[PDB]
Each structure stands twice: as C-alpha cells, then as structure tokens.
Amino acid sequence: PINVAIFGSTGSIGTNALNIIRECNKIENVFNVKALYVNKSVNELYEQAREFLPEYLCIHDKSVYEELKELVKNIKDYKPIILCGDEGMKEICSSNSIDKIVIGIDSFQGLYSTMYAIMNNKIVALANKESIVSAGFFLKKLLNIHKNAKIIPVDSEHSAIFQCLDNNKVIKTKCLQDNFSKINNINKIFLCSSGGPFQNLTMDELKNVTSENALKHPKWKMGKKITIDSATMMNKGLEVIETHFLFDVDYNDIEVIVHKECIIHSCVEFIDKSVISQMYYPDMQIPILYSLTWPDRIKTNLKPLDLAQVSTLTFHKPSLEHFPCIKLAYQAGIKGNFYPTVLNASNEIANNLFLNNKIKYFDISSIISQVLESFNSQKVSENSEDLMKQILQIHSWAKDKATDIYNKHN
Amino acid sequence: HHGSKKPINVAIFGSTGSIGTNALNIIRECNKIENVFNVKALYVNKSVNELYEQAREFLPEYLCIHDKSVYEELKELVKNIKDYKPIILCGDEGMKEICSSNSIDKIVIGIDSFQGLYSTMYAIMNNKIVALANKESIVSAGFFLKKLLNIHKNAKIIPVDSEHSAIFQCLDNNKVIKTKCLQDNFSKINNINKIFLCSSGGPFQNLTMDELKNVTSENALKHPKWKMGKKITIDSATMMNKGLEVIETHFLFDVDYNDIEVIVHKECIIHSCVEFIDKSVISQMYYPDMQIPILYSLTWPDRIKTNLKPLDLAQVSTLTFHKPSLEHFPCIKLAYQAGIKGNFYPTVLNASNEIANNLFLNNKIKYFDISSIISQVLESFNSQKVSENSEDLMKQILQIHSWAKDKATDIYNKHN
Ligand SMILES: NC(=O)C1=CN([C@@H]2O[C@H](COP(=O)(O)OP(=O)(O)OC[C@H]3O[C@@H](n4cnc5c(N)ncnc54)[C@H](OP(=O)(O)O)[C@@H]3O)[C@@H](O)[C@H]2O)C=CC1
Ligand SMILES: NC(=O)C1=CN([C@@H]2O[C@H](COP(=O)(O)OP(=O)(O)OC[C@H]3O[C@@H](n4cnc5c(N)ncnc54)[C@H](OP(=O)(O)O)[C@@H]3O)[C@@H](O)[C@H]2O)C=CC1
Ligand SMILES: CC(=O)N(O)CC[C@H](c1ccncc1)P(=O)(O)O
Ligand SMILES: CC(=O)N(O)CC[C@H](c1ccncc1)P(=O)(O)O
Ligand SMILES: [Cl-]
Ligand SMILES: [Mn+2]
Ligand SMILES: [Mn+2]
Ligand SMILES: [Mn+2]
Ligand SMILES: [Mn+2]
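Heads up: the sequence lines are chains A and B, in that order.
Quick note on our numbering: the first sequence kicks off at 1 and runs consecutively.
Quick note on our numbering: the second sequence kicks off at 1001 and runs consecutively.
In isolation and in its complexed conformation, chain A is listed as follows:
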C-alpha cells in the first residue's frame, strides 16, 4: 500500500487529491491517507479526518489547535496524533510511516514543507510551482544531497510532459537533475495554456479589466491567486521557469501555446522531431494520481475522453503585447540568479493588489518589471542553510519593493 500525506488538504488541490484517492480505493485499497495538514480550516479538516481517519492531523495556525482537538474528540474509536505549526509539519515529514507527500500549499509558504519532505528523502508530489520558481537552484542542490528524495510534478502541464517521457529513461535520472532533458532526448517543449479569460480582448479592453471579470470559471474552482495569474498569464510565465528547472530544458526551447479547449495539456518534442503529448479533459485528478502511482498506472472510473465529441482542437501563439507578464518570466528566467525569486515575490504583491481592485491590469506587469530592474544579482551562497536565508531575504525585499512602488500610488 501507498502511505500518503496531504499538505493543504482543504484547498483545491488537496480536495481533488482526496477525491481521486477515495474513488481508486473503492476499486482496491491502494492508498493509505496517513496525514492531513492545513492552515486554519479546522471544520473542513475535521470533516476530512472523520472520513479518512489519518494517523496524523496538523494545523499550522496554533490559535485553532484546541478547536481542532475539541472537534476531533467527537469521532468514536479514533486516537490520532494532533500536532501544530512548523514542528508539527516537520514531525510528519520525518515519520517512517509516510512515503509520499502531496504539497497542495499555495504561495511561497509551500517551499518550507517541500524542503523538509526532501530532507527526509520522501517522494514529493509537488503542485506548488512557487517553490520551484523561487528556489529552483536551491531545490536542485538539496535533491543532490538527499539522493532518495524525488520531486514528481503535479502541475497539469508538467505532469503532462512527465507522462509523455519514456519512463525507461526517466528512471535513469530524476526531476531537477542536470542532464535531465539530454538523457530523455528532449529537444523542445510545447507548454499549453487555456489562455485565461482575457485572451480575446483588444488592448483598450484589457486596460480596464478587473479581478471580478477574471475569477470565475466552469470546470473546477482554483485559488484566487492562481486564477488571477491565469488571467494575466503570469501563471504560464511561472510555469515556463518551472519547466526549465524541472526538466533542465533551455528557455529558448520552451514554446508557450494557447490551446483553449484544454484537452492537450502539453507536448514534448524529441530530437528526432517526433512529438508526444498527453491529453484528457481539464481535470487535476489525473496529474495528482499519476504523481502517486508513478512509475505505474492504476485503474480509475474516470469518464473516458470522447474525441469525436470534443471534435475540434485549436492552437495559437499568445500575444506578448497583451500578456507582457510572459515576457517578464522569460527574462527573469534567462537572467537566472535570484531574478526568478524576485519575479514571484513581486507578482504575489501585484496579484493581490489587482485582486483587491488597487491597480489596473497593466500596472501588474509594470510593478513587476520595476522590481526586476531594481534587483542586483547576488553571489549564490555555497551551502543550503545560507542559500535558504538568502532566498527568504530577497523574497521579502522584492515584496516590500513592490508594495513601495505601489505606495507611490503609481
């Protein structure tokens, strides 16, 4: 059986992880949900605890610790280990009764648990792309020390690229490892995108778009943060960098492609020019499941893809003029160093400002552009400990700088 832990179990990813796990278990008892971890959603967590009965429960907000223990106490025949915050998170990561950990925690915050899951040589099903954009080089170093740890991508596009690769070569290397794309004969990557809701707007129409126009979609809900990045397409920009680090693919070899039907989740072009792609309805259950079964696949009762029904699939190149955040991602990525870290931190700020109606669409990229321009490359620390505090320091600085540029009312 596969002993899994779900970090950010109450979120979009966490819930979909639990859904797909619940269904597969009806066919055969393969997954054992050993630990659930969230920030402050104590009631929802309590509901999940009741169903799955994980040996471990962890709430990051220590101020709702008693409430949690008080609710859980109402579940008959159940004596789980209830922990709190960082220490609680680290306690779960070091347990020997846990093999894989799904990181469904959003934002920079997700980096901490990703880091500890790796330090404990676990298999990390990573959905939190911010961890790889702000600490890509750091995660690669960390993975070179804890050689049994692995980062299996959950982000649908990267899961797609991962699935397209021949596992006979994948097994001979590992995500984030040097020469990954060379060992897999990777020539180029077609990074597919839904295009977001503003994809067909003219410049004048984009100028006045709002966060209310961009948030709601109809296949499944996602966090507000990622929903907004999807709108500005900064999501795909962050995903370009994530692709670079995860598969050691050069930036001039990643092509963003807008595929509005979202059936083809991404394609991989090999050195002979043949192209392999992964496809299915826009659902996160597949990428999450594959991250937990790889290198194997298991039966599910998901609705089969009906191509005749879908009938049409379209492709076009995004306009960098309308979606300038994509260009900024490439530039920060190509500059390397801590620019990707600055890009992400300043976007967290610009993103939230837009969400809360504080700035307009183009102010988002402008703010981010200015922070990237202000930052000066720093010598990359030699050991992980210092490199970590450096990433944190630069992250905080980029955010204060973004806020500052904004505070001058731009």
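Incorrect hints may appear among the rest.
Here are the in silico distance ranges between beta carbons for each label pair [what the hints assert, rightly or not]:
id	chain 1	residue 1	chain 2	residue 2	range
1	B	1415	A	26	33 to 41 angstroms
2	B	1222	A	282	35 to 43 angstroms
3	B	1257	A	144	43 to 51 angstroms
Using 25 angstroms as the maximum straight-line C-alpha spacing, the simulated DSS-like pairs for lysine-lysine come out as follows [claimed, not checked]:
id	chain 1	residue 1	chain 2	residue 2
4	A	174	B	1323
5	B	1333	B	1366
6	B	1395	A	303
7	A	140	A	172
8	A	317	B	1266
9	B	1341	A	174
10	A	335	A	401
11	A	26	B	1194
12	B	1194	B	1227
13	A	169	B	1227
14	B	1046	B	1341
15	A	303	B	1194
16	B	1309	A	182
17	B	1180	A	299
18	B	1341	B	1395
None of these hints come from the bench; they were simulated from the model.
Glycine included, each C-beta is placed from N, C-alpha and C at the ideal position.
Let chain A serve as the given structure and place chain B with the ligands on it in line with the hints.
Only chain B with the ligands this time, still in chain A's reference frame:
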C-alpha cells in the same frame, strides 16, 4: 553528446518502393549528421535499374533481385561500380541467405501485399529485429506469427505502419521490455485500456451514398500529398486500410476489438492515441511523413537526431476528429466482424479484399461491389481447426488465402 558511433546494420526489403525509398531517404539524412546506419542489403522485385542506382550510392554488402529474369541484367549494371564486390543473389534463396547473415541486425520489410509474409517469417526465424511495414502479413497470419515469435524469442517485430508506430512510441519502454509486440497480454503489461486509431478519412469522406456508387479508382489514386502503392491507396479510399489496421492493432498490441475506436482526423497530425487504465491519453504527432515511424523502428528503444522540419502547432492551428460513417465505409464493419470472429476470417478478409481491390483498380467493379464481394466470401467461409505446428499452419493459411481469392473471383464472374 558526440559522434560515439555504434552502427546499426540494416537490410531494406522492397527498397525501390514507397516504404523503401522513404527508408533510404531517412537513413541517408541521419547519416549526414552522424554515420550510424550501415545498409548491408537491398532487395527488390523487378526494378533492376533503380536497385542499380541504390547500390551505387549505398554500396550494400548484399543485393538481391527476386525475379530470375533480371538476375543477370542486375549483375551487368553493377559491374561499372569500381572497388565494389557485393554478393549478388536472386529469388527466395537470396532472401533466406540474407536473413541468415550475422552482419545484419534490423530488416525493414517494405514488400507489399501477401508476398511480404515470406521474408517476414524468415527474418523472425533468424531472430532479427523486423521493422515491419507490411500490414498484410499480420492480418492473415497474426496468430501464426505469434507462435513463431514464441519460438524465436530473440526476434522482434517493431511496427512501421504510421498509426501503430504512434501507439508504440507512446509507451514506457521499461514496461515494453518485459514483453514484445504480437504477444499475449501486451496491452495488460503496458496498462493499455483503449486505442484511438486515426485515419485521414481518404478522398471520399464528404461524398453521399449515391455519389460513392459511381466513384472510380482514378478519383481514389489522386492523393494530394505523397506517393504510396496502388493497393493501399485504394484501401485508404474505401477505408479497408483502416479496417486492416484495426486487426493489425489487435494482434500487435493484444487490444480487444471493442477497445479499438476508429477516428477520422483529416489534418493527419495526431497519428494515433493510447488510452491507459487511468484514462490518461498519450498520442504521437507530426506532419504526415513515414520517415519518423521508419526511423523509430530502427532506433528503438532510443531516438536519434534528425533535420526534419519541426512541427509548428500554431501554423497547423486546427485539428478535427469525427466518427467514420459505417454506412459509407462498410469495409470497416467487415474488418471488425472478421477480426472479432477470429480463427481464419482475417485471412479470408485480406485475401478477398486483394481481389476486390484490384478489380476496382482496373475499373471492373464499382465501389459498393468491393464491400459486397468481401461480405459474401466471408459468409461463405466456415471455421477450420487451427493446426498445431507452424509448418502446417502456414500451409493452411496459404490454402485458405488461395481459397478466398478464388472464391472472390467466382462471385465476380457469376456477376459479370
Ligand atoms: N488548484 C489548481 O487546480 C492548481 C493549483 N496549483 C498550485 O498548487 C498550489 C495550491 O493551490 P490551490 O489548491 O489552488 O490553493 P488553495 O488556496 O485552494 O489551497 C491552499 C491550501 O494550502 C493550505 N495552506 C495555506 N497556508 C498553509 C500553511 N502555512 N500550512 C499548511 N497549509 C497551508 C490551505 O489551508 P486552509 O484551508 O486552512 O486555508 C489550503 O488547504 C499552488 O501553489 C498552486 O499554484 C497548480 C496547478 C493547478
Ligand atoms: N507507402 C506507405 O506510405 C505505407 C505503406 N505501408 C505498407 O508497406 C507495404 C509496402 O507499401 P508501398 O511501399 O506503398 O508499396 P510499393 O508498391 O511502393 O513498393 C513495394 C515494394 O516491394 C517490392 N516487392 C514486391 N514483391 C517483391 C518480392 N516478391 N520480393 C522482393 N521485393 C518485392 C517492390 O519491388 P519492385 O519495385 O521491384 O516492384 C517494391 O520495392 C504495404 O504492405 C503497405 O500496406 C504501410 C504504411 C504506409
Ligand atoms: C490546471 C492548471 O494546471 N493550471 O496551472 C491552471 C492554469 C490555467 C489552466 C486553466 C484550465 N485548464 C488548463 C490550464 P492556464 O494558466 O490558463 O493555462
Ligand atoms: C500513412 C499510413 O500509415 N497509412 O497506412 C496510409 C493510411 C491512410 C493515410 C493517408 C494519408 N495520411 C495518413 C494516413 P488512411 O488509411 O487514409 O488513414
Ligand atoms: Cl505503466
Ligand atoms: Mn498548470
Ligand atoms: Mn510515458
Ligand atoms: Mn542595478
Ligand atoms: Mn497506417
């Protein structure tokens, strides 16, 4: 990263045809990047002059002409070529001697129709890697080849047919190594749940039933993109090619018929898709060009660099998929019925189609007469006990094949 060349010894059967030309085309091109392919033998039927030109360029250790009438003429032309002493052979004999060479590893089978089955069975008998393009040898001898491959455990059949190359390319080779094509449980070991078999649809895809009745071989032989043999080109028009590929899929990957869906994709970019048990679908795509599937069958389990134009999805812009009308392409229905019936129906199916296809090509019968004649031959045939040992099974297959073609001819005569 460098030119650490470890050459691949290859033989090209049917080197002067569509597959053979495309084969040498890609070998020639990849060798300009890093000399990795060494053609040890070429083998044609009657095209002695074109074979001559190929020998001059590739200088293969072996040369073979199947028709004895041009054997001497071949030995003549080759004389000119200086500093070249190849072993010129002829007929079946020359083909068996080539398959038995120890200097050859991979044999590309580009021989058309039923004839391709002979060299196919002999390549397997010599434990060679068979980059099989000839689908007929698989439809009419599927379970024979299966038994043959269980005896010659080192022999392997790598598919060159585009759709089937696509499916194969979508698999994890760490699972494929535990088995091999045309072996029971291939789909289970690879967790294959279902196959989407793509088709160009052919030239009659938008014609009405009344229009179809009067279409001709001339209208079917004008495929706007590249050159292929006349049989397959007609088979593509009636979509019997796809029906044959349905059975080919069943035998190559052990996929149930009710798990094979024929889909019409006119852009011909997505060459086929593989649905795994989790419902995830992986597909192989590129411009419709036989060079990739051919090249892949010779590089597997690896891939090598090429200078082929890169697929440009943006330019392509649109991809369409739709169910094929069984009313307009009844040949598809017949293929499924024969495959599902098992035993020797596929053999009867392929044989009667060969007759029906040729009759149409020479404007002797009409579009719906093809589907009708095959239907009659199939209903006329009755199961037969499957022979245990391969030699007798091979006879039985040759017997049923000849019986089927003869039957189809009778029906044509009683009608004319
Ligand atoms: N949703 C999607 O389809 C996709 C998401 N992703 C990525 O996956 C990540 C998560 O996304 P998503 O599920 O949408 O986000 P959500 O906002 O829906 O959920 C975030 C989850 O993380 C938890 N969390 C927040 N802070 C902490 C903390 N300090 N300690 C423990 N848990 C915490 C939340 O708990 P609480 O409920 O208590 O607040 C919540 O369960 C993001 O990095 C995103 O970019 C990538 C591809 C697709
Ligand atoms: N062409 C294509 O794009 C595709 C073809 N295929 C399959 O590949 C096979 C070949 O097709 P294609 O190339 O179109 O056919 P062609 O008619 O173009 O070529 C047939 C080749 O086989 C040779 N040949 C015929 N009989 C013999 C024999 N007895 N001994 C040695 N060689 C012989 C011919 O030699 P000669 O020139 O001397 O007559 C010729 O080189 C078919 O089974 C087809 O279904 C599958 C997918 C795509
Ligand atoms: C589903 C997923 O992996 N995402 O990263 C959400 C991103 C957006 C998305 C939305 C719907 N389907 C696919 C992707 P986009 O950034 O617009 O491509
Ligand atoms: C390219 C190939 O492998 N074929 O078998 C030719 C098949 C025909 C074809 C023609 C043109 N392009 C692709 C396929 P169709 O049967 O119409 O799909
Ligand atoms: Cl598998
Ligand atoms: Mn994504
Ligand atoms: Mn794969
Ligand atoms: Mn400066
Ligand atoms: Mn084909």
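Against the structure, the hints come out as follows:
no.: 1; hint: 1415(B) with 26(A): 33 to 41 angstroms; verdict: violated, 58 angstroms
no.: 2; hint: 1222(B) with 282(A): 35 to 43 angstroms; verdict: holds, 40 angstroms
no.: 3; hint: 1257(B) with 144(A): 43 to 51 angstroms; verdict: holds, 49 angstroms
no.: 4; hint: 174(A) with 1323(B); verdict: violated, 40 angstroms
no.: 5; hint: 1333(B) with 1366(B); verdict: holds, 18 angstroms
no.: 6; hint: 1395(B) with 303(A); verdict: violated, 46 angstroms
no.: 7; hint: 140(A) with 172(A); verdict: holds, 16 angstroms
no.: 8; hint: 317(A) with 1266(B); verdict: holds, 23 angstroms
no.: 9; hint: 1341(B) with 174(A); verdict: violated, 46 angstroms
no.: 10; hint: 335(A) with 401(A); verdict: holds, 19 angstroms
no.: 11; hint: 26(A) with 1194(B); verdict: holds, 22 angstroms
no.: 12; hint: 1194(B) with 1227(B); verdict: violated, 31 angstroms
no.: 13; hint: 169(A) with 1227(B); verdict: violated, 36 angstroms
no.: 14; hint: 1046(B) with 1341(B); verdict: violated, 38 angstroms
no.: 15; hint: 303(A) with 1194(B); verdict: holds, 13 angstroms
no.: 16; hint: 1309(B) with 182(A); verdict: holds, 20 angstroms
no.: 17; hint: 1180(B) with 299(A); verdict: holds, 22 angstroms
no.: 18; hint: 1341(B) with 1395(B); verdict: holds, 21 angstroms
Taken one by one, the earlier hints fail for this structure at numbers 1, 4, 6, 9, 12, 13 and 14, listed in ascending order.
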